[PDB]
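Visitor: One-letter residues, chain by chain:
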Amino acid sequence: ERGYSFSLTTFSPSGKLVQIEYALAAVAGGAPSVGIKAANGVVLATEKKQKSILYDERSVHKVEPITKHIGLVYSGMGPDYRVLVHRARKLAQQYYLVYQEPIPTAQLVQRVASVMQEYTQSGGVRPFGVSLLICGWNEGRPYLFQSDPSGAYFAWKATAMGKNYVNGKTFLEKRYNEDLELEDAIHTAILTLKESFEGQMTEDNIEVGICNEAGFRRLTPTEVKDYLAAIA
Amino acid sequence: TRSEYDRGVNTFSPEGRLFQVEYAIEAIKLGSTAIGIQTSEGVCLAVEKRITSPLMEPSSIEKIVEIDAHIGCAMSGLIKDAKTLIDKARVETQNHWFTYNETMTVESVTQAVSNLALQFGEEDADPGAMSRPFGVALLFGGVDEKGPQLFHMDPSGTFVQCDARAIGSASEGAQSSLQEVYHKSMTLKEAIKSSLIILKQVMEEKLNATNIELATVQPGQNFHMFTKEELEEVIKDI
Amino acid sequence: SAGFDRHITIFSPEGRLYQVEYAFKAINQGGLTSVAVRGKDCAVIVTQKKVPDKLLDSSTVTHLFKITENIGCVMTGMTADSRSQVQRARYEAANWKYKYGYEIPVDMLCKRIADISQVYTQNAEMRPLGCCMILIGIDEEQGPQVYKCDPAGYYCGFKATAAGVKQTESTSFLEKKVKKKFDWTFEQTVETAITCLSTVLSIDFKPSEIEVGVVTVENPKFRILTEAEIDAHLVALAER
Amino acid sequence: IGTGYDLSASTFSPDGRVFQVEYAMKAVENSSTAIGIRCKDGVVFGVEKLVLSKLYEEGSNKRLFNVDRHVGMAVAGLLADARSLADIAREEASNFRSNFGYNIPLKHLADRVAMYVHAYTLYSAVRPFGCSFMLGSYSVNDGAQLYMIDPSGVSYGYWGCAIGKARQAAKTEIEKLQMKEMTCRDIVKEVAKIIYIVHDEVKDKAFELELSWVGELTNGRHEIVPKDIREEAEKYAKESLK
Amino acid sequence: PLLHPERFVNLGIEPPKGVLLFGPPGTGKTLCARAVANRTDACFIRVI
Amino acid sequence: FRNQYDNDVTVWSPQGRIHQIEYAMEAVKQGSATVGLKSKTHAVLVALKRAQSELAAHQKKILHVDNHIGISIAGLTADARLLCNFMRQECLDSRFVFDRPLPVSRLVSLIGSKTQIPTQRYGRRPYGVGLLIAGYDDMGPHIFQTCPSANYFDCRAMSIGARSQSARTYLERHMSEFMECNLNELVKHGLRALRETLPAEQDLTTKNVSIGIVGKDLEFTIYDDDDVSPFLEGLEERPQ
Amino acid sequence: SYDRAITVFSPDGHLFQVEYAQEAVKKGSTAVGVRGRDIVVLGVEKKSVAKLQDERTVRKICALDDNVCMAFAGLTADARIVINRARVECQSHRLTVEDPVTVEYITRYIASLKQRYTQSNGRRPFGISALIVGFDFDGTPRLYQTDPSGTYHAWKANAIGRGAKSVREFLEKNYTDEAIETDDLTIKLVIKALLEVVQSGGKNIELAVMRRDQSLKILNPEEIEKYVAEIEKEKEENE
Amino acid sequence: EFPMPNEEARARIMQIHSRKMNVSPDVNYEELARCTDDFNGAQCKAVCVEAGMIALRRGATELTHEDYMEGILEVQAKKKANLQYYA
Ligand SMILES: Nc1ncnc2c1ncn2[C@@H]1O[C@H](COP(=O)(O)OP(=O)(O)O)[C@@H](O)[C@H]1O
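Chains as they are written, first to last, in the UniProt record's numbering: chain A, 3 to 234; chain B, 4 to 241; chain C, 6 to 245; chain D, 4 to 245; chain E, 194 to 241; chain F, 2 to 241; chain G, 2 to 240; chain H, 353 to 439.
Please keep in mind that the hints were generated in silico from the structure rather than gathered at the bench. Treat the hints with care, as some may be off.
[Unchecked claim] List of simulated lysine-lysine pairs, BS3-like, C-alpha gap at most 27 Å:
| id | chain 1 | residue 1 | chain 2 | residue 2 |
| --- | --- | --- | --- | --- |
| 1 | A | 159 | A | 50 |
| 2 | A | 196 | A | 51 |
| 3 | A | 53 | C | 30 |
| 4 | D | 29 | D | 206 |
| 5 | F | 61 | B | 149 |
| 6 | C | 54 | D | 29 |
| 7 | G | 189 | G | 218 |
| 8 | D | 174 | C | 55 |
Build the full structure now, drawing on both the sequences and the hints.
Guide: Pasting the structure below:
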């Protein structure tokens with residue numbers, strides 16, 4: 003089994019590619035992130051905690067928009083997340099140029115899944131050590147997707163990956179209901195961040211973005227502080 | 004520990020040897036015995052068929068082929084390797100008959116074929132070519148402006164003018180016998196008789212019409228492969 | 006468990022990229038140290054200088070450089086990787102100026118060069134340039150910025166950062182200074198950097214052993230603090 | 004010993020060091036010794052060349068090349084490596100002249116050649132240039148500079164440095180020489196005695212000394228020491244080496 | 194040495210003191226040794 | 002196996018050697034000996050022809066590339082032949098573009114540049130052929146020996162190949178006449194050199210020797226059994 | 002060692018990957034072809050479809066051109082690929098020279114294709130042996146065997162796949178000049194050779210006959226029962 | 353540090369190992385030394401006592417320079433490869 007956990011183009015005699023599983027293990031060790039799809043919108047959040055407050059939290063953002071209504075969060079490697087954001091922006095804008103219409107999020111997830119599974123096609127190039135959470139609103143429907151280092155993509159009413167993802171998933175399945183409202187969705191997301199935050203979230207310790215009929219927008223620090231106070 | 008240098012042709016032994024090329028050389032001994040002899044009246048090429056089954060079509064198994072009407076060939080090694088070599092040789096001879104509109108000398112024939120050979124470790128294989136040394140030893144004979152000429156080609160690309168060379172499984176023994184059986188004034192008929200004598204002494208079975216392919220090239224006629232009746236005539240004496 | 010530390014493109018169990026950490030440790034191999042401190046409208050970079058002999062030309066052994074006329078740079082690690090990375094950074098900044106018609110912001114320069122290093126560490130055709138970077142500059146509506154880049158392609162802004170053999174202790178000292186919440190004026194920023202270096206090294210260095218660069222709002226040009234002004238600054242620190 | 008890490012140049016060490024460039028360091032230190040000194044109005048070069056066999060002609064394996072008209076080329080390491088590095092440096096200088104229309108500064112040429120030699124250090128399908136070379140020039144409007152660039156890729160500025168089996172030895176006896184003031188006339192003597200004392204006679208005997216310099220004494224043009232000054236330097240050596 | 198001692202006597206060289214006949218099995222080592230024993234006019238010793 | 006450092010040219014030994022290059026260097030020690038001498042105005046290449054069997058011709062060791070420049074090979078047939086076609090193409094290109102013969106020093110420099118690429122870059126095997134280069138240019142005859150380590154030397158003489166140390170020490174005994182000798186004298190010196198290489202039981206027969214001579218007015222002409230006959234008639238007898 | 006490398010000679014001068022690909026044919030299925038005076042026949046053992054396989058798409062015998070046919074033994078995907086390539090090449094040859102492709106040309110093309118697929122790494126050899134049959138312009142019966150090594154050979158009646166040695170010996174012992182006097186005699190020989198290894202008879206055998214440019218029709222499963230009735234009749238006739 | 357044997361090192365080494373030999377003064381140890389390039393140490397045993405045994409091969413002659421040059425040429429490489437495909 004060890005001789006097959008070294009390349010991405012050799013099948014293990016029993017199962018499948020082991021490098022993909024190791025990339026997934028890299029993903030599961032990343033920063034926790036939770037996305038929740040409410041009835042009228044979607045919310046995705048993550049923890050930005052890092053030692054050495056010397057670090058400029060505003061310098062980098064874990065939640066970025068792809069277009070006016072598509073946003074994404076990750077869990078795992080940072081630079082790979084940035085590269086995925088770049089490729090996703092290029093693909094979405096190519097779709098916009100070809101069709102002159104805002105890119106449906108399902109097609110965006112499919113294309114980003116294809117581009118990341120492209121890195122899994124041959125040896126010499128490691129698969130992305132990053133899993134994506136895609137939030138989007140279109141045709142009067144909020145969409146939430148997860149993109150995998152393996153190139154697999156699936157939908158999610160509400161999920162959470164990264165560190166302590168099993169406990170967060172249990173919390174979500176013990177909290178989420180199909181008739182959830184946007185503000186209550188944000189409350190549930192911040193609570194999910196909390197139950198394994200380990201160190202008293204501040205306004206800048208976490209980062210949360212929201213998408214709805216009015217497009218996608220990452221919440222400003224003031225609204226984050228207000229929501230944190232409301233939850234307390 | 005040789006094992007680290009046999010893997011691949013681009014490795015050098017501590018004794019500076021090309022082990023892949025040496026293995027290709029030894030792979031010639033897997034082929035059937037081929038004997039060519041050079042005489043003033045011409046060159047004759049004798050080979051063993053090694054027929055696997057009586058149902059075989061003897062025309063299919065080719066140990067001697069024609070590159071041009073003035074030149075002849077003999078093979079020992081892989082069938083497909085020699086097929087590419089012979090096709091390239093024929094293409095080259097027509098290339099010369101195009102460029103200079105003349106019959107191109109056998110030494111230049113082996114020159115061009117050896118140019119196709121020894122190209123295994125060459126970066127020009129990017130379109131596609133041998134990543135491995137060619138695995139057939141070639142016996143070239145014919146008549147040119149220097150009279151009858153016979154050249155033996157080494158899968159490494161080396162060639163040498165040989166009065167009488169033997170390649171194949173019994174190259175060592177046949178060469179040893181040719182060493183004392185060869186004379187410079189040997190006539191074509193007695194040379195071919197001696198060649199079949201060596202084959203009889205060397206070949207694993209009896210000599211019949213289906214055990215030997217025979218070829219001759221003389222300044223007078225063009226390349227002639229001995230027919231069934233000619234083979235019977237030349238073998239009934241022996 | 007182990008044995009996966011041979012190729013940059015191989016994921017170990019638990020999804021740990023050994024060779025990248027190997028490069029991060031290679032950053033330290035230079036044997037030097039460097040720190041960057043930022044004020045309200047200034048950003049001071051100071052680095053140590055070790056000279057085996059007088060036989061070398063001290064004017065060419067500078068460890069801090071200038072990416073563009075207002076963007077300065079300091080870095081450590083392998084010096085060959087250092088000069089290759091500064092060449093690439095200057096190339097990228099010039100290309101940005103050519104294509105977009107205005108000077109590269111520090112954050113975007115760090116982002117692009119970190120993307121380059123990420124592509125280096127993503128494919129197995131490249132040794133991932135084992136030298137860390139610190140970039141400084143001034144930007145309108147945001148003020149001075151100090152950014153750090155590493156061979157992994159991880160980039161982040163810093164109120165204060167450090168690198169070299171004494172990374173952890175320098176960062177701890179930086180945290181100890183920044184938790185006091187003081188304005189850090191330009192001379193104060195420079196003196197904090199010098200004190201950090203001297204204490205983490207415990208050498209109380211002569212002024213000839215440090216190179217300093219500073220960028221301010223009134224002097225957007227990346228000024229390499231000359232011997233006269235570094236002498237003034239650090240001997241004033243001595244008496245102050 | 005690092006086994007399993009030094010089969011390629013793109014693999015780091017657990018201590019974080021590429022062992023290929025360190026092995027190139029080792030090869031350079033197992034090579035011949037070459038000294039250079041920059042005078043007040045130019046730079047001079049000196050090569051200790053071992054005549055492995057008297058069958059070799061004099062001037063064989065010439066080691067003090069000249070990359071440009073105003074730029075010399077001293078180098079220690081592998082002669083094939085030396086020639087390849089010299090050729091790429093010459094092409095670089097020619098390209099600089101073709102594109103920019105004036106002489107290449109020594110510092111800029113050193114930066115370009117260091118970048119190129121680094122480009123062979125960090126790949127896996129190639130190997131770092133295991134040879135250390137010298138760059139020397141004299142410009143009337145720029146000055147005089149000297150640079151040593153080893154296979155590690157670091158191009159640092161040295162007033163006058165040495166590379167070879169007597170690196171530290173030549174450092175010890177070139178430190179005692181005062182340098183910055185006298186010109187080539189009073190520096191060639193020191194170079195000659197230094198080269199003739201660093202060489203070991205009991206082991207690795209049979210060496211000859213060749214010299215070259217650039218400066219206004221030949222109008223900023225690099226050339227070998229003239230035969231008259233060459234024999235004068237040899238005479239000062241034999242007098243001073245006693 | 195056995196049949197011509199005088200040449201190593203007047204060459205002042207000690208005759209060979211020991212020899213190792215190392216080779217793969219079945220090569221003939223035993224048989225060559227026995228043959229040389231017969232032709233050296235000395236009795237062969239077999240020590241299994 | 003501690004010799005995992007000799008499987009490709011692109012890895013160094015821990016002691017700083019490329020063992021593959023050294024094996025390529027030793028490879029040409031296998032081929033037959035070949036010694037060259039040069040006069041005031043004439044350079045000779047004399048080689049010991051070898052045959053696979055006495056019933057076949059001897060392997061040519063003196064190759065003509067251009068009227069003024071000639072080469073002698075000792076080592077792999079393939080590499081030497083490829084180098085010969087490369088030499089012929091370059092000499093023709095020089096004659097076509099400059100209308101002047103390729104300088105011996107320049108030819109050997111381009112030979113070194115061509116053969117260094119296999120030594121430096123993964124892929125092509127190092128050119129394991131020892132080449133003896135003898136030509137004529139403005140400053141007279143030259144003898145260049147290109148060792149398969151991609152190195153070359155300007156030599157008064159050189160013997161490369163099997164048991165070439167005997168010829169080397171012969172020439173080491175006999176410098177004092179090489180410079181002032183005429184055609185016949187230098188030819189007989191070279192023949193004595195090969196005879197020193199050749200053991201007792203063998204002698205320099207007509208089929209055994211190959212002689213190539215170049216000079217100021219005499220082109221690089223190679224002699225054979227009938228052509229070497231006048232030159233060996235002046236040859237003395239072996240001092241046995 | 003020396004086995005896991007397509008283009009590395011063994012110390013005893015063997016390209017072991019090529020021989021392993023050749024041996025991979027012996028794990029296929031028996032396919033015997035005989036050429037007669039005016040006919041060529043192809044006898045192949047048919048895998049008995051369990052309950053659901055559509056026999057229309059389990060094609061073991063396929064015709065490259067209207068003048069050539071072929072049966073294969075080896076991996077079916079490789080056979081399909083080589084079939085597509087070889088019939089494309091037959092059509093392109095007719096484009097270049099306008100005359101029907103001779104059996105020698107198409108067999109040479111197939112051998113050269115297999116060879117160029119077994120001379121470089123990253124390209125696995127075509128592990129299939131194909132029996133090429135057909136008539137030339139002058140209607141001469143020719144049959145060729147192609148070997149995964151990239152070589153071809155002219156066979157009067159050859160068998161490939163599992164049990165090919167037994168069929169080979171059977172043909173050696175039974176191939177006569179008078180055994181090909183009539184089409185029915187050639188058929189009797191080929192069904193006899195088939196039932197040598199596939200003794201069940203009836204089904205599990207497919208036959209194809211090419212006469213002098215009839216654009217061969219595979220013998221349909223109505224006269225295979227008739228032809229095997231004839232075979233059994235002659236079989237109880239001599240015994 | 354044990355370096356490569358020097359020419360004098362050789363000369364004296366075959367002198368001491370051959371001190372038991374009846375070597376005539378017609379030899380020249382120094383020229384052997386200068387042809388002992390890369391011949392080191394235990395390679396006495398080869399050149400040295402194998403030269404005694406070559407004098408036996410030569411026909412039990414005096415230990416003259418002929419067998420010493422012969423041993424130098426042979427040493428470990430006494431086997432002749434006689435290899436084809438080399439020009
Ligand atoms: N050179 C040889 N000449 C004759 N017979 C030999 C030779 N080599 C091996 N044999 C045969 O091999 C057989 C066994 O050899 P043996 O001496 O037992 O091998 P080993 O050297 O391993 O002891 C003997 O019967 C002998 O006939």
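Visitor: None of the hints should be skipped; say for each whether it holds.
Guide: Now the hints, each set against the structure:
At most 27 Å may separate the alpha-carbon atoms for a hinted pair to count; residue 159 of chain A and residue 50 of chain A meet this at roughly 24 Å. About 12 Å separates the Cα atoms of residue 196 of chain A and residue 51 of chain A, which keeps this hinted pair within 27 Å; it holds. A threshold of 27 Å between alpha carbons decides the hint, and for residue 53 of chain A with residue 30 of chain C the separation of about 20 Å falls inside it, so the pair holds. At most 27 Å may separate the alpha-carbon atoms for a hinted pair to count; residue 29 of chain D and residue 206 of chain D meet this at roughly 19 Å.
For the proposed pair residue 61 of chain F and residue 149 of chain B, the alpha carbon gap of about 18 Å is at most 27 Å, so the pair holds. Between residue 54 of chain C and residue 29 of chain D the alpha-carbon distance is near 25 Å, which keeps this suggested pair within the 27 Å criterion. Of the supplied pair hints, the one linking residue 189 of chain G and residue 218 of chain G holds, its CA atoms being roughly 18 Å apart against a limit of 27 Å. Our distance criterion of 27 Å between C-alpha atoms is met by residue 174 of chain D and residue 55 of chain C, whose separation comes to about 17 Å.
The structure shown violates none of the earlier numbered hints.
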